[PDB]
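Can you build the whole structure from these sequences, using the hints too?
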Amino acid sequence: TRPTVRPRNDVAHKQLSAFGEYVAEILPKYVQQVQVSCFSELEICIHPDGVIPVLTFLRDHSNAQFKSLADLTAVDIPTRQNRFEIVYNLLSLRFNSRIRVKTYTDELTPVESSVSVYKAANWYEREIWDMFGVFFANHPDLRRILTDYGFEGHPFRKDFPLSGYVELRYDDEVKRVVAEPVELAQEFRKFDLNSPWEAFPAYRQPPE
Amino acid sequence: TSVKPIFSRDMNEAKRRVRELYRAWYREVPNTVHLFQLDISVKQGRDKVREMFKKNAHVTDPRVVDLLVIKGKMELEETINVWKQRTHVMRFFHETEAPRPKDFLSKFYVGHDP
Amino acid sequence: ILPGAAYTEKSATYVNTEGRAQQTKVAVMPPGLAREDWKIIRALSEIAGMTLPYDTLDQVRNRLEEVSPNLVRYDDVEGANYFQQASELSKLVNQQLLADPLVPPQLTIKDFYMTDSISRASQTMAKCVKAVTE
Amino acid sequence: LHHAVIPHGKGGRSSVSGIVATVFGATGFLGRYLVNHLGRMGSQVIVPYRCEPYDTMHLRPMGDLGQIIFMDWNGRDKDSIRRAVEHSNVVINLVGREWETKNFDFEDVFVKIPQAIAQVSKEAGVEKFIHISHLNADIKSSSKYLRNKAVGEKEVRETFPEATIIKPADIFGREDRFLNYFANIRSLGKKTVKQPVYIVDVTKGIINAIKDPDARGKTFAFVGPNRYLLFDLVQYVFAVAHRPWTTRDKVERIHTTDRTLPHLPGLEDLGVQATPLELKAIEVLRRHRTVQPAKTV
Amino acid sequence: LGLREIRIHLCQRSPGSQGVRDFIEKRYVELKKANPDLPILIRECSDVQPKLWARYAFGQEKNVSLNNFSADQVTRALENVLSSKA
Amino acid sequence: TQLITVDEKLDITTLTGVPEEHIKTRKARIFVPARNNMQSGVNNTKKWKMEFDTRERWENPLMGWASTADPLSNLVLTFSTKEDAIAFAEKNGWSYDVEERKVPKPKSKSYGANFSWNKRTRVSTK
Amino acid sequence: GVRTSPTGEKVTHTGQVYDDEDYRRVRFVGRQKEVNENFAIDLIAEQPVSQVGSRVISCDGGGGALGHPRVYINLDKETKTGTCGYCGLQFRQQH
Ligand SMILES: NC(=O)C1=CN([C@@H]2O[C@H](COP(=O)(O)OP(=O)(O)OC[C@H]3O[C@@H](n4cnc5c(N)ncnc54)[C@H](OP(=O)(O)O)[C@@H]3O)[C@@H](O)[C@H]2O)C=CC1
Ligand SMILES: [Zn+2]
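Going down the list, the protein sequences come from chains A, B, C, D, E, F and G. Just so you know, the working numbering puts 740 at position 62 of the first sequence, and the rest follows in order with no gaps. Just so you know, the working numbering puts 69 at position 77 of the second sequence, and the rest follows in order with no gaps. Just so you know, the working numbering puts 156 at position 6 of the third sequence, and the rest follows in order with no gaps. Just so you know, the working numbering puts 24 at position 9 of the fourth sequence, and the rest follows in order with no gaps. Just so you know, the working numbering puts 20 at position 17 of the fifth sequence, and the rest follows in order with no gaps. Just so you know, the working numbering puts 54 at position 51 of the sixth sequence, and the rest follows in order with no gaps. Just so you know, the working numbering puts 32 at position 40 of the seventh sequence, and the rest follows in order with no gaps.
Don't take each hint at face value.
In the DSS-like style, the derived pairs of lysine-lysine whose C-alpha atoms are separated by at most 30 Å in a straight line are [said to hold, decoys possible]:
hint, chain 1, residue 1, chain 2, residue 2
1, F, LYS94, A, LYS868
2, A, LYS836, F, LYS85
3, D, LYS295, D, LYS226
4, B, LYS94, D, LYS233
5, B, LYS40, D, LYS295
6, F, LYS27, B, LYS65
7, D, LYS233, D, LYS265
8, A, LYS868, F, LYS52
9, A, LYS868, C, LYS175
10, C, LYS280, G, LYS72
11, A, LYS780, F, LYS85
12, B, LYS94, F, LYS27
13, A, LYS836, F, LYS49
14, F, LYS112, F, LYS49
15, B, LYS7, B, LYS65
16, D, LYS117, D, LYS155
17, A, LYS853, D, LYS117
18, A, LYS836, B, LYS76
19, F, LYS52, F, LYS85
20, F, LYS12, B, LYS63
21, A, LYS797, B, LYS99
22, D, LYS137, G, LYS2
23, A, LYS797, B, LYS65
24, B, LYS65, B, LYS46
25, D, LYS93, D, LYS233
26, G, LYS72, C, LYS277
27, B, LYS76, D, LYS295
28, C, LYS175, B, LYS99
29, B, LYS65, B, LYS40
30, B, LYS94, C, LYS175
31, G, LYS69, F, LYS129
32, B, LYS94, F, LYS30
33, A, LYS853, A, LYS707
34, A, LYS780, F, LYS94
Selected chain A positions facing chain D (in silico; Cβ < 7 Å) [said to hold, decoys possible]:
hint, residue
35, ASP850
36, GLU851
37, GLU861
38, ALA863
39, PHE866
Worth flagging that the hints you see were computed from the coordinates, not collected in a lab. No residue lacks a Cβ here, since even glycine has one placed at the ideal position from N, Cα and C.
See below:
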């Protein structure tokens, strides 16, 4: 399997597994799962009451020093009752490593804002509000950041359509750009591309 | 059924926040009609505020009306500070849209929508 | 003439030969000014001043449940008892058999392809009939 | 009814209204808002234009792709009128001038060109023709405008007997020459009574006359809700505008009172709420700014 | 003016429909002999409560609950229907 | 405490920003999608889908393209179970109807049945 | 091989022409309906049937990797030629 297969990094896999054990036993109040991927990335899956303790630990601990918030992300998964998956990508410059911190909420439970831990998060979780509707409690200036000013709904939710609900045009009668319900001259043609045959037997979910 | 609140522990605090948000909009409407130089009257914009508040008058969950007050404060903040333009404020008044058929028979005449 | 929807053009309850109620779904919309059928009858009742107490399809199906509640229980065969009582009612008026033999109307594959208005309008069924006759 | 002209959609920009309109005189004040309100339904609008194509640019954002067809035309050319009307199912006539020029006088603008358009639309099988007269059009009028426009009304009726003739009184809007005339005149007060009508009311009425089959052969009188005296109307215009090119025919028409014809239908027989001047006068006259409302009769 | 059709709904297995089932097992045959041109639509279903629909002239439909009745109460309600024509 | 007691049905229709036309007049269909009979693979029949009623698709006057006015005409969701799908439809105020999952019944396969002594299940060829 | 409707409008190789009463002819008024006059069904009919002596021939449209995928055409039917599914060139077994 030499030329075309990605070579596995066993050293970093073992190191990130040991550090995941370390984080799981220092913070067992909040840590739910710890998993290391096959391409050597460490995910810490936490309870959302420990956003500030887990991130402050990873920022300030002498064996962590994850001083850099790379990215902050929600993922909408509608089949879960806590459908929003808040992902924290942290970067350690001292130990040259990355860690993923993941937690959950639904549409109504707020997540505690992490601008006291990372000032990078100020626009990121504001974008998560704008795109998903995840309210972040005790945020300095939480409002929209990317959508238009009168915009209704949260576009990156998966029950939100691709073209939205309203579209704009200029109207010469009222001398004003107006919002009218969306009508496409050509509908977005949905392609059912999924193959009816299983591709990855290692990822097979067990039957009921 | 034990959920973490947003701002209001129950519906009375929630209605307090709805009431203060309505007070803030009612004070703001003359300023909005003036500085955006809208072609509406102050009574007409206040009727639109009352329409938007009576639209959500069925909600019995404190967290949902906490989020409704939060989004109403965000709309208010975009309207007091001139972040919206005149077009965003007039998008509440669906003026270029044709009046939709209401009863069964006119909806039958124009098309297939129920 | 009142242009109606076809079975691919309306969500619509059909019951098969065994009592299983089933609903179609709207694949496409009817062509031109053609409308759904109960919409036409309900609009006719509103014009005539004898308005039918339903507006949406769900209310038509509430009426349909009021007339027999197994028309809204979809993909369900409801069993029917009381063969004995129908047999006792069938012995009342003694009807006589005609001497004509039992001949079904569809004897060969020729008579299969065109039975209703959609099959008779089909050029593919016309090719089928022409191909099975030659 | 042909299959491509059956209406579809929810009545929006990409929908199909089934209205294929040729609007003569579409580059003007009324044609602007008529092509606006047609193209937002999804109508195939045909714009014969006399002018520079730069002056028809504002009509292109008014409908979906391929829904406004521009073409050259001449008022004395029946070939261009035929080339414009032979595919339409409604022809709206909006050709007019406040002033007569070297080539086109009031008779050519109001009599020759309207009767030519109506006759060519008649022989091209166009079902509907909608002609715009003036409310004060009279054979015995003192202005040459209203005499030629009454004669043209007569000829359009007797060459297209199913046409919908419409009598606007004095249309006010942003691009009018009624309130913008008074805001710039900075003529005198007389015994004149007027009831001006808003341009969106006139446009909604023309479209409701397109759609209603009961408007064929009728004559409508589009008037506002409130009759005003001329003098306090002009003082209300100067009061809204925060203020302390003419000819004698325009003076003859300003000092000609709006006749009341209750035997003719109006905007309410087309289902249009007449908008009063007090709501839209600020919208017209906000541009002229560097108020007790007007007294009705 | 007069009665047009009678609809009887019932479950096949519920104890609330026991009186309706015991009505249809015994008295329906002489009911239909007594009413030769009256449609009496017995419509069994899976979980319904028993019900006596009676349609009169001009689309007027009265609705009678037959839940937990005996066969005698079903006979009395149905003969009230046949005697009313209201 | 810092946990309140909400005894109400979870309804977020005011928060999703969807217009009332596309909330109260739409019918969700909750179903396991049927196997494409062009193929023997069954991997597309594992998850619950939510689609909506198909509204009008008309012809573009210019190009002949398929114009639409339905925003939810391409919206297909994916659920692990039926109950997650029903909870999502009730949470968003969508009227729904649910088809139960259709599994193929177990078959009794015998290659020896093709060559029987006294049964009709002999194959005439192979 | 373009032909013309009685309205004067050209007909494409699909067979598309607008009707006499269809309003959408107004888009060509003062302009032109652009058709291509090289009809492919007429041009491939002008190519002669290739006489070959094998029972199975192959075709890739000429040019190697510049043509189409290489397909193998049976020629057992003596009544009908064997036609390529991609390029439309047709073949006949000479015996
Ligand atoms: N307040 C009002 O304006 C009222 C108007 N009316 C009538 O309504 C109609 C439309 O009014 P309105 O829009 O305001 O007037 P405009 O002068 O603004 O528009 C007239 C239109 O006709 C065209 N036109 C004018 N003269 C000629 C000509 N000789 N040959 C070809 N085209 C010509 C103009 O195009 P181009 O730019 O190419 O010249 C323009 O598109 C007129 O008939 C008018 O009499 C009635 C009552 C009140
Ligand atoms: Zn080839």
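The hints, checked one at a time:
no., hint, result
1, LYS94/F x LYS868/A, "26 Å, holds"
2, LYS836/A x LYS85/F, "18 Å, holds"
3, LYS295/D x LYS226/D, "26 Å, holds"
4, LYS94/B x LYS233/D, "29 Å, holds"
5, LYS40/B x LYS295/D, "19 Å, holds"
6, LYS27/F x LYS65/B, "27 Å, holds"
7, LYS233/D x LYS265/D, "28 Å, holds"
8, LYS868/A x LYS52/F, "15 Å, holds"
9, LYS868/A x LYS175/C, "19 Å, holds"
10, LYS280/C x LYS72/G, "23 Å, holds"
11, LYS780/A x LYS85/F, "26 Å, holds"
12, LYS94/B x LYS27/F, "14 Å, holds"
13, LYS836/A x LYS49/F, "19 Å, holds"
14, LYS112/F x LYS49/F, "24 Å, holds"
15, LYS7/B x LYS65/B, "14 Å, holds"
16, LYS117/D x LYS155/D, "25 Å, holds"
17, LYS853/A x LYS117/D, "34 Å, violated"
18, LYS836/A x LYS76/B, "27 Å, holds"
19, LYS52/F x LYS85/F, "9 Å, holds"
20, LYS12/F x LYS63/B, "22 Å, holds"
21, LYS797/A x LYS99/B, "54 Å, violated"
22, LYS137/D x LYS2/G, "28 Å, holds"
23, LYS797/A x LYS65/B, "24 Å, holds"
24, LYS65/B x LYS46/B, "16 Å, holds"
25, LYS93/D x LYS233/D, "26 Å, holds"
26, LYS72/G x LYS277/C, "22 Å, holds"
27, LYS76/B x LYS295/D, "23 Å, holds"
28, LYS175/C x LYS99/B, "21 Å, holds"
29, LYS65/B x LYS40/B, "16 Å, holds"
30, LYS94/B x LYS175/C, "25 Å, holds"
31, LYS69/G x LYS129/F, "27 Å, holds"
32, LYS94/B x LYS30/F, "20 Å, holds"
33, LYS853/A x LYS707/A, "59 Å, violated"
34, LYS780/A x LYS94/F, "24 Å, holds"
35, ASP850, "5 Å, holds"
36, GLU851, "5 Å, holds"
37, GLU861, "4 Å, holds"
38, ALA863, "5 Å, holds"
39, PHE866, "13 Å, violated"
Checked against the numbered hints listed earlier, the structure breaks hints 17, 21, 33 and 39; every other hint is satisfied.
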